[PDB]
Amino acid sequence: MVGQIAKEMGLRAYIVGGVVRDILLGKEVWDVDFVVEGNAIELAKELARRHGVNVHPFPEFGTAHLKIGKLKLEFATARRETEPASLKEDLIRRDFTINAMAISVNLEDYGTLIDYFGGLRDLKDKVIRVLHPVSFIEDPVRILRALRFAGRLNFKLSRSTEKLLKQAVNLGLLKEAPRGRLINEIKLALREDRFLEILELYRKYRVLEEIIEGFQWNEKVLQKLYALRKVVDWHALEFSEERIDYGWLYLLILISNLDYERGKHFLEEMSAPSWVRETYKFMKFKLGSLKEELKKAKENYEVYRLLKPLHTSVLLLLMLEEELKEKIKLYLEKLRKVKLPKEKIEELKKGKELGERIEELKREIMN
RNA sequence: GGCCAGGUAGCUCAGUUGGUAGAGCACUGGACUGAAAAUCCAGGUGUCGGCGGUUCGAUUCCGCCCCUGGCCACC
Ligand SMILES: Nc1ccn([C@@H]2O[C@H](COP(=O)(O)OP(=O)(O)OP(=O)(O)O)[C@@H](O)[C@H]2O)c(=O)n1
């Protein structure tokens, strides 16, 4: 219908950006980005009006948002910078060749992929490539983004792009960049499943030293990240119904050796979840003594009392120890699973004394 | 869209080792009155957002959502 209204309005609209990428990558998304030649706002308003749904105009930006079913649509008037602007100009201001492409929704040429910079080739050759040498200088944030993409799509930075990247970091542009955009980029990063590879790229191009103050790379942290990867794999395999956000764990491992001040400040800037802050504050201090108590554990009920109050994250951090692994697992798929019939419980009940009694019964069952 | 609070009576507000809920003014009924108010005895002041899950038991632990306010990312 978009091509039809665009025909009636004598306009030209296109699907543009990552949305194209994902389409060519077979990944179906519900957020579609349109670049319109001519007014995008009226097109959005008309389309929303025909489907009888609400519309959200942004005249100053020149964009409009509307939601149809589970489809989220964003229309944006073609602009040369971040006289009417051609599509090509809207695309050439973009970052990488794979994000620079477009697909025509106009009825005559419909289905056509419009690629000026050969983003199809770089998509085919698995290459992350900037459009212009100044691309990282324009937006230093891209430095992260590239790596992130290279992490997710398992692509490789071209020689050019790699050099320009390293140069961009060497100029310390990462410090000059807005803190918020960078922090948000990292937040996007840790949500990836391939985020570990992205961390490998972060170590390789040493961006974390620039973004995080006081952060340095060592081997213990890396091995901890791979062990955490294995634990995450197993937990997300058998316990997958219990899954939580995994990337934050890696983030905790990274900042583990950092000072509590810089750690708290970083987690503050990252707008981390409460359980992340709790698991961190618990890791920095009480974790050691907890481990030492887990070493002194003999009966199963002590392990119960020491574990059950803790979150899942803390337990996953406890699986990092070779000696504690099988113990944690035993607590997981066996120890905490048990119940009691009717008559027995009815005899148990005959305040808090009921709880203490039930605890005595559980420690009577375990040991 | 991310996060942080806030969600407790009609309104304005506190509450952690899960274990049988509170204040100031409106609400009913009666004692009191020619009627009413005040006042006394008292007692509703509540599935402590909604829905699942864990637990013998959840305002509390967790997950998914609703509402309001504030920091932002809003290519
Ligand atoms: N500094 C920047 C930032 C963004 N862009 C372009 O603007 C778009 C921003 O949308 P985004 O969601 O970041 O791209 P996606 O590929 O959709 O990423 P994702 O799907 O992971 O959101 C990108 O496609 C990119 O081509 C750019 O050219 N330069």
Given for the second form:
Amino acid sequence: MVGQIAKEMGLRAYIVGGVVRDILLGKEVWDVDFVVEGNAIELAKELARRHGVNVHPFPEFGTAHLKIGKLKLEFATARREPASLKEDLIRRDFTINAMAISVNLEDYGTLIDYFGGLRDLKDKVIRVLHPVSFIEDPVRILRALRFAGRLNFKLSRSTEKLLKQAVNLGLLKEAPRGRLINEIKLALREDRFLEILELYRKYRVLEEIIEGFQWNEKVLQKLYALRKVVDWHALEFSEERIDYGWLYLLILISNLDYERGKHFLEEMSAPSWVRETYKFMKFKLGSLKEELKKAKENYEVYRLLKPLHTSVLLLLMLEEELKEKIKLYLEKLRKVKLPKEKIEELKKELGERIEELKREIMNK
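For comparison with the form deposited with the RNA bound, would you give the structure of this protein in the form solved without the RNA?
Since only the chain itself is given, any partners or molecules it might have are not part of what comes next.
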């Protein structure tokens, strides 16, 4: 599609960055990013045209978003911020993000590796292009680790020292907060997110990020324990799933104050029930686990756990004692139902009698 228009336009168009990586590693992505030696916006406009699909150009920035099918496309004009592709690439973060694939019909299919992105790709390694890089875009500090987390990669040695420097230089602080919180967000959407936390703690990045936070053993314990819990509840109920990353985020801010914590979650654009989970854990959780343990009958447990959110329950499973309790609630007590004739006999106040029959049959 693009290669042919680039012929008609006599341009050169390339697939660039993570997408390429995702391809070499065989991930599927319908979000595809290009860099153009030529006018990108018009290439986009003609692609859209011939497909007859709506396209949004961005004249100021010089890019265009357009969506072919459920597949998404963003065309960007090459820039050094003319510019050779190698210039567009050399400004990027990591070797494995620095590659490109030709849609140009002559070299079509070609992986373009200047900095050894493929070499470094097989070697399972996070390597920046140049050493100033961290200073250039400090958010990368996380992304690096993030990559290393998701794909199980090691930092380049030089990269390692570079990163510890940058961290230590508190660049992590002086970077605009918005991009950082953005990153942390995208980090906690990860399946490998725990390993990312391993790297976080390793470089102590979080201490340069959130106000008043530091790491303690118990936190880590309950974090791993959380991974077990999430593994399990994800296994049993496939329809009951939530985005679990938040939990771990929460587990970090637990020892923190409620003021700075809720400020931080609102800062994290945490969903309502998330910040609500923060509030309920900060305030009434002690009484919660107490009266949960103070409940002798299965139905009392039922009446205690009903109004509350699921994530909160998942958080309540961390205590060894309450494990079998939550197991009973989730697998049994909440599964019990009722016939007709009896209801009609209670009808001859109703919900009273129903709650009563609940209390009666549930205890065993």
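Here, rigid core means the biggest group of C-alpha atoms that superpose within 1.5 Å across both forms. Numbering follows the first chain given and starts at 1.
- Just one residue from the list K334, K27, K342, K70 crosses the 2 Å line for C-alpha shift between these two forms on a rigid core fit, and it is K342.
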